[PDB]
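As structure tokens, one chain now follows by itself in the form solved without the ligand.
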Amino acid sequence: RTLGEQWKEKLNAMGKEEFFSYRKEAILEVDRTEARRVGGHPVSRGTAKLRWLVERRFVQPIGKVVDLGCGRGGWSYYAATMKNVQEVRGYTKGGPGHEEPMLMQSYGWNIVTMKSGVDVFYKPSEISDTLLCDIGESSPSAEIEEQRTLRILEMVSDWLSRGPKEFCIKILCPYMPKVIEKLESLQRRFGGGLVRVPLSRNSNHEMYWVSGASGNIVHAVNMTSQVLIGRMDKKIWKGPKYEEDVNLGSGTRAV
């Protein structure tokens, strides 16, 4: 079995307390204690991760942006603040137990449309310039997550065949053999590479297939596996490192 599976088995074996501590050890963490009181305060902690990728040119949203699994709309409102973005369309399932789009008046809200009650697995693909997808339901089973990840990759493939040259797709479980194989074919066809965003907690192995990255998928996945494993069983927990939360400003925008 893979290093990923080993990390997963170990994680699952962790006690409640150990787990809580491990979760944010040496990670990058936003100060959300100000976001909780529009004043350009992002909806969620997902905003910071997209900002991390874009700041480093791993993805450059442009034109018509589609955001699959938009939830409250962190990614959708962020994309609306990008210079070359003209329209942002979000889709999310909503409903009991799930996140509803939160209406904001951060900068470019006038160009953001978010539709709830949409299961994107049954939604026919449409043309976009930039495809964002942040779907992935966790499970202690690597096997279960493998199958979910593959279902999302199959769904993402259909939108990516409509011509977006910019993309950012969450890979819930990048370390399983069948996912690794599918990523390689998808990389061959559409390019990009896998990146580990350091704001992600150590309790998950999520990586982002981003169009501005490149390189050997297996190596990148294995590197993350090892870093995550190296952070377990610490003598002293030093905690997370912080950065300022994103500014989304306010008001309508011209396009």
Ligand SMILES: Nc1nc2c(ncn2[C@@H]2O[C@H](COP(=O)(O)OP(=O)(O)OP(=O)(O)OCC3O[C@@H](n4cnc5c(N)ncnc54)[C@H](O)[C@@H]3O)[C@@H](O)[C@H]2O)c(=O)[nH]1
Second form
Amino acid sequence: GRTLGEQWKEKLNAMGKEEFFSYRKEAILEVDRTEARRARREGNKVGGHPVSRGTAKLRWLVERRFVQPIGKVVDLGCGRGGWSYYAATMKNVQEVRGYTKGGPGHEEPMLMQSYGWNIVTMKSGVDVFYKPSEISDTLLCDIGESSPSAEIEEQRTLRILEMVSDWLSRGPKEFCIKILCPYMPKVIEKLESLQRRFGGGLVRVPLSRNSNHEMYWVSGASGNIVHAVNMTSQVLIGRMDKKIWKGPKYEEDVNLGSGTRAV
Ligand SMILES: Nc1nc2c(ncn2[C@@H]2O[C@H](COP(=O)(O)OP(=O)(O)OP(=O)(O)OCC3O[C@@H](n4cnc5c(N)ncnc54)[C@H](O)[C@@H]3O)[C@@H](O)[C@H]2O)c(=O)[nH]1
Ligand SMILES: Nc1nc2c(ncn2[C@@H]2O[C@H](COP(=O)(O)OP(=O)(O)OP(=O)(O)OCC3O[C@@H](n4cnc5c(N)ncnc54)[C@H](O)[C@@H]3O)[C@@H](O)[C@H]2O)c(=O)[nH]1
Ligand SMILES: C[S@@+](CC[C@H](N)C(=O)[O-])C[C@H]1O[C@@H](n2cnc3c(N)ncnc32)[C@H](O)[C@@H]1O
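Could you drop in the structure for the form deposited with the ligand bound? We only have the form solved without the ligand so far.
What follows is the whole complex; the chain from before opens it.
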């Protein structure tokens, strides 16, 4: 046969617009960004409004001890820097280094003055697939591009998995990696291998939209991957074909404050 996630991806692509858009936000957690937008507009950089939604995503993991940034932090595919700035707010972090592709169709790093910004250093024009690995205490990675093909998503995920190992072999004991397509059998066996060597486990962040099955490979987690995935697949499938769409659960975004920090 084929995996539950496999079937999810097929059932997903067969939905109408009205159904899709309505489904992808059903029962999910969502951050209110409207004030972030206002700040952005006005150019206010010291109101603690994150640069993206991803800040709230990482916060969700961190607060549940799934990952706990420490020492030198490296954020691969940092984009605007939601994850980088958030790591810089934490007392145990001393150095935040981010890398992202930039250019056409890609998010450029964004300057904010959230608490700790001064130890953040983001660099654009960098393709992590050709960037020599560096030492780190914490390794973050949030790379992964959607596609209506699960096979595409598979190989994309596999390329990512292949490359993150090199960064991990450098001894960071705290980590968080986006697995774009975790439900595919080749991805699973690869994670099964990587889990044996590096530990950790896979976790679904409820802030992620129902239109994607992304899970995060995190060092503060553990346990059976194949079960973990399937559970998420039953939830996501369980949300389909709904009667009265209740919509998302709105939460307040994280406040990263302002000002520098001496290290
Ligand atoms: N190459 C393309 N990328 C796109 C397109 N539409 C959206 N995106 C990007 O996908 C990403 C996911 O979109 P989502 O809306 O979920 O991103 P976030 O929710 O994390 O950003 P928010 O700031 O919370 O609000 C989202 C957006 O607000 C816009 N935004 C937010 N910040 C900016 C800046 N700095 N410069 C230009 N536009 C910005 C942007 O269009 C996003 O859709 C995001 O980086 C977008 O820039 C698109 O049509 N083409
Ligand atoms: N039945 C349908 N299925 C769809 C449809 N669109 C996408 N999909 C399926 O859902 C999957 C994911 O959908 P989504 O696009 O919501 O993916 P994400 O939420 O993970 O993308 P994000 O980057 O998190 O933000 C999403 C979006 O931001 C926009 N975005 C982001 N990147 C881009 C680019 N490069 N170009 C144009 N627009 C872009 C776009 O409007 C998306 O809704 C996708 O792989 C498809 O299998 C659709 O219209 N109908
Ligand atoms: C969506 S962002 C992740 C969000 C970020 N963690 C945050 O909190 O805002 C992922 C980024 O990885 C970048 N990316 C994709 N492929 C890359 C590559 N090969 N090398 C470096 N960055 C890449 C994309 O430009 C994209 O903006």
